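Written out below as structure tokens is the structure these notes cover.
A single protein chain has been omitted; all remaining protein chains appear in their positions.
Labels for the chains are A and B, by order of writing; each one numbers its residues from 1.
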Amino acid sequence: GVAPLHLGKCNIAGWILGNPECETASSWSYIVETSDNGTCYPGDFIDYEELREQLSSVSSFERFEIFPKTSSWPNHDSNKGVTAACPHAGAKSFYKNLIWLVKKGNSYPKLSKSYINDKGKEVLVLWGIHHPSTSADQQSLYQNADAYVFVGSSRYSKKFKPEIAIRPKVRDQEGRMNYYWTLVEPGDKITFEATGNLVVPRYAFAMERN
Amino acid sequence: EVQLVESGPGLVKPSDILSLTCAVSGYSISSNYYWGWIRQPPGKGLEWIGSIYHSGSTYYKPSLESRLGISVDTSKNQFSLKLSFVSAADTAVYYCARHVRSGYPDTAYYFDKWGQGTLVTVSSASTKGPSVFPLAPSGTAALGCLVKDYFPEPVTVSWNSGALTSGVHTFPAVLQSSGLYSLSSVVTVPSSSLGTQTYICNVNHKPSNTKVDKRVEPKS
Partner (left out) sequence: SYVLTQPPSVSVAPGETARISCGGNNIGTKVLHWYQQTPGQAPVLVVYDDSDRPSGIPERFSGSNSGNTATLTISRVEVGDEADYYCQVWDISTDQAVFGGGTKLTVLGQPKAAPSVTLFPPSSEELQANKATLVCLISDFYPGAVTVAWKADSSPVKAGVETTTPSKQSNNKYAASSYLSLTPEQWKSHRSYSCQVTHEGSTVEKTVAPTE
């Protein structure tokens, strides 16, 4: 009963992560797609398929800043997380809906930030885990070699650890980034804990599936 | 606090190998840095050559890769450069430098600590060492040393084995029509202290193995 969502030259991954090339509605009956501008930073999108089906038809859809960029991250650098793999108008950039956190000075203190769903609907939260190419990269970016990441809620629980290795160069990158996503129930808290390697949510999406 | 010092021959024949070493002091190479080489032909710009990590991973300038090798010896806290089959295009001052990883995500390195550099001339011409003559004084008096007819550059001069530095002015060399260089070094001293003190000019020209030390007194 509603017009479709046209993603033009983008696919769903690039649109929803906010690939700078990918620039609205609150409702659509299906998504029209093409598969090139998706994840400009190479890596894997975990359970990508379920996210497509989950996004195919929606009745309510609002982007909101789950973690304000200038207010959420006092102990870390929220400015340096840009790359040539993700360019925006001739400049190095990054997903609009994520922030690549990076050490401040020469230490990466523990990160612990939470959010409680005060929207009256399911909230879609995305994030990434960065996987550096060398153990030297791991230190320059994150300081800590034993970096870990935990993400929890009432329905989601998972600890992440970086796998350091030399991949073949994709978009000149030897490192990799994995992308995750989960749904946060209307009364639910989501917690983030990290000693590095965490690509942080900035925008998330309040929604209703059809 | 971290210091780097280049050494190796200042004169190399075409088709031979240019070899240099950089001795690092005050910091262990086996640490989170790359270590590499940048050169500068006389009067021209800087050109990056290559770098190495203590593990052995190297980056080479693509245009030079076929002629380049870089090695590291952690036990002596040094690394070395070998550039094969050289020609006059390789004449340059060679600098070693510590390569710092950019804090940005994408691979990038910059050079925060540099050696003073060493000149290498690639030429089929024979070395010649200089003849050194004293330049006698005469309140105060300027005295010096004339370093005549050498090849190639450079020549170092010190006074009293480095005890004397203030007022020392070692002049840029002249390149003569003969193809040889000459230079002079002058220092001004109390006239009153030539009876009681001693001024010596130390001249070293490495390509010809020429250590010469000369006392500058005043002619009778």
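Here is the rule we go by: contacts are C-beta pairs under 8 Å (C-beta built on N, C-alpha and C of every residue); 3 or more make two chains touch, one makes a residue touch a chain.
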{"item": "Contacting the left-out chain in the complete assembly, out of B:130, B:134 or B:207", "value": "B:134"}
{"item": "Hidden-chain contact residue, picked from the options B:15, B:176, B:192 or B:197", "value": "B:176"}
{"item": "Full-complex contact with the absent chain, from B:19, B:84, B:107 or B:204", "value": "B:107"}
{"item": "Sole contact to the chain not displayed, among B:33, B:95 or B:151", "value": "B:95"}
{"item": "Contact set of subunit B toward the excluded chain (per top definition)", "value": "38, 45-48, 51, 59-63, 95, 100, 102-104, 106-112, 114-117, 131, 133-136, 142, 144, 146, 148, 169, 171-174, 176-177, 182-184, 186, 219"}
{"item": "Subunit A, residues in touch with the chain not shown (by the definition above)", "value": "80, 84, 87, 90-92, 172"}
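Here, only the chains that are shown with their structure count from here on.
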{"item": "Between subunit A and subunit B, centroid-to-centroid distance (C-alpha), Å", "value": "52"}
{"item": "Of subunit A, residues touching subunit B in the complex", "value": "77, 80-85, 92, 100, 102-103, 130, 133, 136-137, 139-141, 172-175"}
{"item": "In the complex with subunit A, residue positions of subunit B that touch it", "value": "32, 53, 101-107"}
